[PDB]
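One chain comes next, on its own, written as structure tokens: the form deposited in one PDB entry.
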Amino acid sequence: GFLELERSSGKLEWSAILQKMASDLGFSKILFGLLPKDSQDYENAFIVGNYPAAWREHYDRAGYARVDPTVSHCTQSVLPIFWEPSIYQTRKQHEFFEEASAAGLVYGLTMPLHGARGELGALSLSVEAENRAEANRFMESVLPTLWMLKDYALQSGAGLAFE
């Protein structure tokens, strides 16, 4: 089932299959980001998903890559970071949280990606939920499936992005 991603014929079908897998699990918004080994910026970044255009533009223009707490987490860990109040420590980090929320992205998680050739990225997914308790229950129900998905997405996406 997960293998349909590597079996996908091209970037278009991969991105579509990834978004549909996420959708079927219950996540209506996803962003897969991957950088080649030892990148100094995002010039060669492979970024694919269905996050709103306005938010993508705003995140870039505001330089939120340097504020977003899930980014530094990804450089230090292979474990998921859940979007919880505790992760936003500084005012800048709270402002990022509010801007994301205003854009419709409030509940979710970020799965770090570390590929066999030094690729560095994240798979982020947001769930449209009523409240945090509801978000938590949903995410726990699907977490083991998502844990497998992120590595399949990484292996397949790396081959598609940089070869």
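Positions refer to the first chain, counted from 1. What we label the rigid core is the largest C-alpha set whose atoms superpose within 1.5 Å from one form to the other. What changes on going to the form deposited in another entry:
Residue shifts between these two forms, rigid core superposed: of 44, 101, 28, 136, the only C-alpha displaced by 2 Å or more belongs to 44. Shown in the overlay between these two forms, fitted on the rigid core, is a CA shift at residue 8 of 2 Å or greater.
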Given for the second form:
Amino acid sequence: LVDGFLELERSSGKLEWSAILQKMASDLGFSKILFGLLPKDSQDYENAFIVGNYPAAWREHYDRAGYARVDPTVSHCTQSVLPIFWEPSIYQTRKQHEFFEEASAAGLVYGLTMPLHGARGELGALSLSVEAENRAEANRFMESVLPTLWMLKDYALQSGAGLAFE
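Could you give the coordinates for the form deposited in another entry, as opposed to the form deposited in one PDB entry above?
There are no partners or other molecules in what follows, just the one chain.
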């Protein structure tokens, strides 16, 4: 992990930094990731610094549909530093049910979101999806790597904020 952080901090450009983070996540056993960050006091989700390997058409759809206002992980991240797991119980409204269906069609069904709150008031999220047979298999896998992920999200924040905002 630490060696990954140092690779990130010796990277040059967004592409390489993204490559490194994606590989860290893959090596931990996640398949798709999205790292997003906004500067202090922005709610301009449509212009967030976004890194990762979510399907492009899914990212486009999310922006067009204004899903930042629906996605239950977004409001969660504005209120908490703790992880939110992608459990059925987080999708409550009608729009949130539509979101779950559309994300699932994108292959994003099992996963979690770690909120990011930076030392300079950056607001973000590190979302990570996992391929599994069922939700129970996914949840066992996630619980097994959670301590590593918990450290990773802060390493990714510290490094990524520098990249994003300078």
